[PDB]
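> Read off the chains here:
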Amino acid sequence: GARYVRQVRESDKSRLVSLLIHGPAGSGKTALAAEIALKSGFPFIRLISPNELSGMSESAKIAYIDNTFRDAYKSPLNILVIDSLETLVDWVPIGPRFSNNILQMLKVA
Amino acid sequence: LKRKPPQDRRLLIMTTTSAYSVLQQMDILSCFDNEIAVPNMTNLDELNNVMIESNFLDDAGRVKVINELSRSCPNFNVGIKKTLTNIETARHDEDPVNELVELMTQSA
Ligand SMILES: Nc1ncnc2c1ncn2[C@@H]1O[C@H](COP(=O)(O)OP(=O)(O)OP(=O)(O)O)[C@@H](O)[C@H]1O
Numbered sequence: 269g270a271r272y273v274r275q276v277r278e279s280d281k282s283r284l285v286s287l288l289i290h291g292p293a294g295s296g297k298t299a300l301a302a303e304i305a306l307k308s309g310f311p312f313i314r315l316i317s318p319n320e321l322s323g324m325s326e327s328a329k330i331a332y333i334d335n336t337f338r339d340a341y342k343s344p345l346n347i348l349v350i351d352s353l354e355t356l357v358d359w360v361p362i363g364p365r366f367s368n369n370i371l372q373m374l375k376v377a
Numbered sequence: 014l015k016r017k018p019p020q021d022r023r024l025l026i027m028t029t030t031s032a033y034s035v036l037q038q039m040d041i042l043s044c045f046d047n048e049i050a051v052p053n054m055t056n057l058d059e060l061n062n063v064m065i066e067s068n069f070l071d072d073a074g075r076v077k078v079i080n081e082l083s084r085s086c087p088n089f090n091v092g093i094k095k096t097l098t099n100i101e102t103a104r105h106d107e108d109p110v111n112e113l114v115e116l117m118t119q120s121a
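Chains A and B, in that order, give the protein sequences. All residue numbers for the first sequence refer to our numbering, where the first residue is 269 and numbers rise by one. All residue numbers for the second sequence refer to our numbering, where the first residue is 14 and numbers rise by one.
Hints are all accurate, no fakes.
Pair ranges (Cβ atoms, derived):
{"#": "1", "chain 1": "B", "residue 1": "41", "chain 2": "A", "residue 2": "351", "range": "17 to 25 Å"}
{"#": "2", "chain 1": "B", "residue 1": "63", "chain 2": "A", "residue 2": "327", "range": "52 to 60 Å"}
{"#": "3", "chain 1": "B", "residue 1": "62", "chain 2": "A", "residue 2": "296", "range": "42 to 50 Å"}
Since the hints were derived computationally from the structure, they do not count as laboratory data. Just so it is clear, CB atoms sit at the ideal spot from N, CA and C, and this is done for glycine as well.
Could you put together the complete structure from these sequences and hints?
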């Protein structure tokens, strides 16, 4: 994580770096991501979590996501933590059921 | 069910269910920190204890019904709710052992 942070800091052509942190349930992924982000020491850091979106409607959620991603296009250095991707799209394996709108929005974001 | 209370508050949640398999299929069994189990009645002495507590046996009835169901039913498994309902409905007509025996045999 520290190496990736340094690389994004220094390189002048790599203007977008994305990571995936996958593993078995209960393994402690969010703690590690938060630790890396904190120790990085960047001016601008944000986090998107399921807790913040509870009770809202689909349009409100999309609006919130778009606003948060737009707030990050200022300043010359930024960090964003997206938590538990699969529960942001309301996944359940019986159908399977999920939300195509939010998924497509994230895929384009 | 996985949100911590603000500041320094505390919370205990107890949720019941009867469709464990469905919850397993929905993949929602990771929100719980432990799992208690409640089994059925599986013995005659337990039925006797329920009877003494419900004021129905009158001693002789206890003996007659227990003796009848000892050989009239090899396997016995019923919940408390249905047992209490069966006792109550048996009380009205033919307080003798017969009615309870039929009710218990058919219910099990
Ligand atoms: N590398 C680590 N070393 C020590 N403790 C850790 C580590 N990573 C996580 N933890 C501990 O794990 C707990 C939090 O777990 P965490 O939410 O990160 O788990 P998770 O598997 O990502 O969660 P979820 O089940 O919601 O997907 C805290 O007690 C935290 O200290």
